[PDB]
Every structure is written in structure tokens, then in C-alpha cells.
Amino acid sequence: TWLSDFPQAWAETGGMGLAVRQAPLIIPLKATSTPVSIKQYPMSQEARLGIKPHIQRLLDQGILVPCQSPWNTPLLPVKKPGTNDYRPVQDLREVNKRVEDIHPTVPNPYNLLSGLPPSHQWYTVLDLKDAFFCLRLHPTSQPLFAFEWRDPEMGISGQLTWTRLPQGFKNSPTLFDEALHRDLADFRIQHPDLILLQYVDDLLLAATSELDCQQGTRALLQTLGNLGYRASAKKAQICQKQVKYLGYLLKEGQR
């Protein structure tokens, strides 16, 4: 039961993550950018009730905080089902347009896999839960991602914003990927034999013997939990010779 050996490493028992070694991120704007404030589109009580719990939880976790900002983007009530539960999706497109571009350093899955040697048949796959939220946003950049929120009967003043790298921000994947690479550089050095593939929040650890893939996995989980990241114990694929990774099925140095 790896779940018991490494409590801090699993989202199930380690609590929300926070990459303690990473300095809060500063988001540079384009040279000519000025704040854009888009009024919130009227939302139905149904959508609001559906979204409320999520907002409340984020506030209690400190991921969302009240604020007053010249920036504002609309919240979209998206129901994953065909007519069930909602989830808040923020339309950060006008903000993305005003933020300075950075080089896309995340390798496409195909090329990433080309780094998998035939010798390592034992793989481990971990998915980091709420990856972006583990990265802090510098207070000077937080106002950029503000949106409107209310409760027709008592509630928050008006706007809330993120204290962590938000979903929907064009640079979140790249910044997370680069941050985790910095945090796992030492681990790679301490395990010259192991093969560690990273695709934003999806990790594939490779090894020759179940002993390696096993001892290596223990070190990774311990390392991850220690750095402040959290993996999904639910979806975790430990020391297998066949696993699903990035939409592929790895089985015998194949796919």
C-alpha cells in the first residue's frame, strides 16, 4: 500500500499542494497592454448554485481571494454532462492577448516518447492533481485574473482573483512544466539510470527491473510530496509493464 508509505505525496491524503521551492510567478504584459474589464454575463440561479461550492472551497483553501481590480473577465457556467453539474470556466482570452508570449517549451507527446529506451520495460505513471494551483502568483500579477462574484443574499463584495497559476491562462502549461523540471532536476541527477518523462502534469517513470521501478517510484513520490506537489492515488499506475500514458498504451517498448 504505497498510499500508506507516502501520505504527503497523494492528493487523497496530503491536502492541496503548494510548490514551496518556487518563487511566486510574475506575469509580464506586452509593451502596449492596458487593462481590459469585461462585465460579467448575467448568470442564472441554477448555474450560480452549481458554481458556488467550487468558489467557496477555493476561497477556504486560499486559492481565491477578494480584490478590487481594473481587470475583469467573465466566468462561464459549463456543465460537463448534457444537463448536470456545473463548473466555473473563466474566459481569459482577452487577458491572454495582453500578456507577453513565452517560448513553448513543452515537447509534443510524440517527441517526448522518442526518449523512451527499449531496455526499460517497467513503467510508473502519475498524474499531478490540481497542478497549476500548486504554483503561486506574485501579488503584482494576481489582479490580472480577476472576475466578478456574488451571492444575491450576502456574500463577497464583487471581484475575486487567483493566488495561484490559473486554468485558462495561455502560459500555465509551459510555466508549470518548466517549474517542475527545475524541482525535479536533482532527482534526475540522483537517479542516472531511471528515465523520467514529464508532460506538464503527467509523469512517466521508467526502469529496467521491478526493483528499480519500485525503489525509484518510492523516491519520486517522496520527492514530489516533499516539494509540495500531489499525485492522484486514484489514477496512479504503479510499477506495471503496461500502462496508459498520454493517450498511448505502453506495452513492450511499443506505442
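Shifts are known only where both forms have a C-alpha. Positions refer to the first chain, counted from 1. Heads up, when I say rigid core I mean the largest set of C-alphas that superpose within 1.5 Å between the two forms. Compared with the form deposited in another entry:
- In a rigid-core overlay of the protein, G158 has its C-alpha displaced by under 2 Å between the two forms.
- Shown in the overlay between the two forms, fitted on the rigid core, is a CA shift at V99 smaller than 2 Å.
- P77: CA moves less than 2 Å between the two forms after rigid-core fitting.
- Core-based superposition between the two forms shows that the consecutive residues, three or more at a time, whose C-alphas shift by 2 angstroms or more lie in 81 to 84, 104 to 110, 152 to 155.
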Second form
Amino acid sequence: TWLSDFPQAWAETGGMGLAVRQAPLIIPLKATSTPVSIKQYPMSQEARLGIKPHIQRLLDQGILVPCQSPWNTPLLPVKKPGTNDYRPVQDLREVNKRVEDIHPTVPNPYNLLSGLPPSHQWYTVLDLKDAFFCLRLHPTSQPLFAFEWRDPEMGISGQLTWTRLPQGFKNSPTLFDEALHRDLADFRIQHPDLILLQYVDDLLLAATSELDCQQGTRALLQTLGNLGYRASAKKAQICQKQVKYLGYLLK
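I've shown you the form deposited in one PDB entry. Could you give me the structure of the form deposited in another entry?
Since only the chain itself is given, any partners or molecules it might have are not part of what comes next.
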């Protein structure tokens, strides 16, 4: 029902998202910042073999594109549940220390979770899949996140960079959080009887009745889907009395 009625709301049924109302982001640098190119430490063909499918997908999705940049940061093969299942992790620390910092306005629901009265006991918890990737990166700021990739029997060979906000970038959480707040501001005003808490990509909708959480939830999915975002159907806690939000269990 939830999936079938809102295919564009889930990653499982609508594919990767793209925030339709968010203009490409330009990344301001610190005044004295100049390009830094960190050589890629040779990777075992194994680690490279595991990472190939992920790069290939990103490349197929257009999230990654070839490029030539005076900037370059190392790609690290991270090990997690899965033998030859290496995960591509970029070390953007040298880029991060050269990028201008931003100062949020985030009430921080993590603490503002206390701003959820017992008056609202019906919940719906959603987490957006690949949130950061929904925000586009302006072509002028794309060269900043380049890394090297060489694969003979694949096609390309040299540098690739991101066309979307990257994981590992210090301002991604804050930039995504601001964008989502701007996009859901209307939803809030239109649903004054609902309580919506949002922390980066983690959403919690609370209402005073079962019917309200139901209709409110249907309305949230519609909005997210129309906006281009994608919720994870597998981790979704739809219309529950007891839920897990930000590591905190709610009764």
C-alpha cells in the first residue's frame, strides 16, 4: 500500500532521487586555499575489483563523471560485512580543511527531540536513502572532489569526480539539512496538526491520532516523491506506537 501508492517516494520503487527544487551547489573555499593533489596509493586488484561495481553504478547514474582536475584525493577500500565486498571511501580531509566552513541554524532535533510532546503519540520514522546524492554540485565546484580511477577493461582511465554532494565532505550534513528544511517548510505550514522533526536525512512525523498519522504520512511521501527525495522502504517504521529515532526508542 505504502510503496504501491507512492512509488516515487521509495528508493526501492522510484530509483535514486534528485531534489528537483535545489539548484546546483557552489562550494566556497577559504581565501588562501589552493588545489591539493594527493597521490592514490596503489590498490590491490582485489580491493579494486570489489569497488568497480559501485563506481560503475555511480558512473551509470551520472553521479560520477570523468574529469581532469588540479585537485585529487585518495580512494580507500573499506572492509565491511561482505568478503570481496569492498566499499569505495574517499578521504576528503585535505579538501575539507580548504573549504569554507558553514554555521547552521539547526535547532537540532537530536536535542529538539524534547520538542515532541506526549500529545503526539502516533509516529512514522523515515530515513532518506543516498540523501547527499540528491543535491547537485555546480560544475565549478565539481573539480574539488576528483579522485583517480584506472580500469583498462572498463573504458575510462584517469580522474573522476562527483556531480552530487559527496559522502565524506564536511558540509554535506549541514547543506542537506538546510535544503530539506527549505523543501518541507510548506508541508509544515499546511499540516499544523502534525509534528515533523528532521535531522539531516532522518525524519519523524508525529500526530495526535491514528488517522492523522496515516493521512499525514501519505501526504509526506507524496511531498518527498514530488520533491525528488527517496525514503528507504526497508528501514521505514510506518505508523507505529513505539519507534527508534536517532538511536532513541520512543514509547
